[PDB]
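Only one chain is included here, represented as structure tokens and corresponding to the form deposited in one PDB entry.
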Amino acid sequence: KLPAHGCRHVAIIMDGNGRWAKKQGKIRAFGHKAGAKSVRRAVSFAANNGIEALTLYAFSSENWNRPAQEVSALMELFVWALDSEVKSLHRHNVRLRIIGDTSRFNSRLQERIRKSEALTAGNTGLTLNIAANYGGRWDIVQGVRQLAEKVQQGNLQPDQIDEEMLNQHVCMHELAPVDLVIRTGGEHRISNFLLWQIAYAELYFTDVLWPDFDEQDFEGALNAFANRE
């Protein structure tokens, strides 16, 4: 089963949860919880359609400025998702990775992440990347610091640093490159998501809100990609 319409790595900006809840007179957190159901659905769709990697923008590094309470509810939802879906991810041969600066998360959450990555580390099917406390510029900077060290250590000359070398130091360099970025919610921006990695990616924007994003919507983005002529 070759990647749906030949799409290897899909990345998604899951926006629109607040508006989806507000339209119904409910608070944003209600929308974030329904967004977790769309996550389940997108993950299943990707793993059943030969996609090699699915990368989800779950918590931008700029979301720390949102209402204290909304942030806490997000962190509890993350904990809850780890506790509740990891066994199924494992049974489905999905390898779980969290990308972003996890050092900023609480203990309980950091431990669950490390435990969930360990358990699925040897899985060979879909790789599911959850971008949490992630930013594209931060990602590039982490790689830059890694090369800066080598320079400090005398193991690398400034004139030796090139694109390929930094590329081997940004997140997900071990996976196929991002082929398609999908952003739900109607906004036409990348909002600091995978900047280095989306250099040659198709970009697909839909007004559909994340909680309503379903299998037909995902197939539509795949068809859009297949016709990327």
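Residue numbers count along the first chain shown, from 1. Between two forms, the rigid core is defined as the largest C-alpha subset superposing within 1.5 Å. Compared with the form deposited in another entry:
Once the two forms are fitted on their rigid core, between the two forms the CA displacement reaches 2 Å or more only for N106 among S88, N106, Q152, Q146. Core-superposed comparison between the two forms: the CA of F193 stays below a 2 Å shift.
Once both forms are fitted on their rigid core, the CA atom of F45 lies less than 2 Å apart between the two forms.
For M165, a C-alpha deviation below 2 angstroms is recorded between the two forms after rigid-core alignment.
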The other form holds:
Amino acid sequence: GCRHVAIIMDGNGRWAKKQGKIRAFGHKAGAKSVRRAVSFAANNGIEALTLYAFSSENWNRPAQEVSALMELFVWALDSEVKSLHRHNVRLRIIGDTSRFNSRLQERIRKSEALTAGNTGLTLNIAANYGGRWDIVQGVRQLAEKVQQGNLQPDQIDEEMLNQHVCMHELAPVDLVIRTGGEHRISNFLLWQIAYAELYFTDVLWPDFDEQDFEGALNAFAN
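Following the display of the form deposited in one PDB entry, present the structure of the form deposited in another entry.
Chain alone follows, minus partners and molecules.
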């Protein structure tokens, strides 16, 4: 029954600190664990996987370093997309991408467009996504319609707003996993998690493996 899993991937920083290593070491192992989770979901017929990695710690850096990290994100996408495409994965980015420069925005769009026809796992990667932002994005759309005289306030209902928030084309989120020990959603999905199972594990993201993913799926089944 588990069709759409969303994961808050916390623990790369603490993992690297436990290893006596710099944060970048944690993030390289974090990216290995991303690849492993995507492969496990695609090999087990999960229809959609939505991954959230954001921590303000990682981004509270001088502007030079922030632009640098943005380039590394798109490099990471560019360096994986041919593999994802060969495995029939549809890649989507959710979030506010208006902060990327034109060149990186076009690179993100190109990877989405390459894989958009694919019919296997849909992999949604959050980049500057917040659950309150996602709702507000939809609200501004409906507000524009009201202003244009094409929609009456009375006509706005849950199904309408749902069609304007991220991921409304996909199966509803069944299961949210958060690694790393904290027991909070931290303004990841909100509208979309109204009926999802919430599974919290103390395992740090770089250590979360196929066995840990199957235990999450068992909590759902139970």
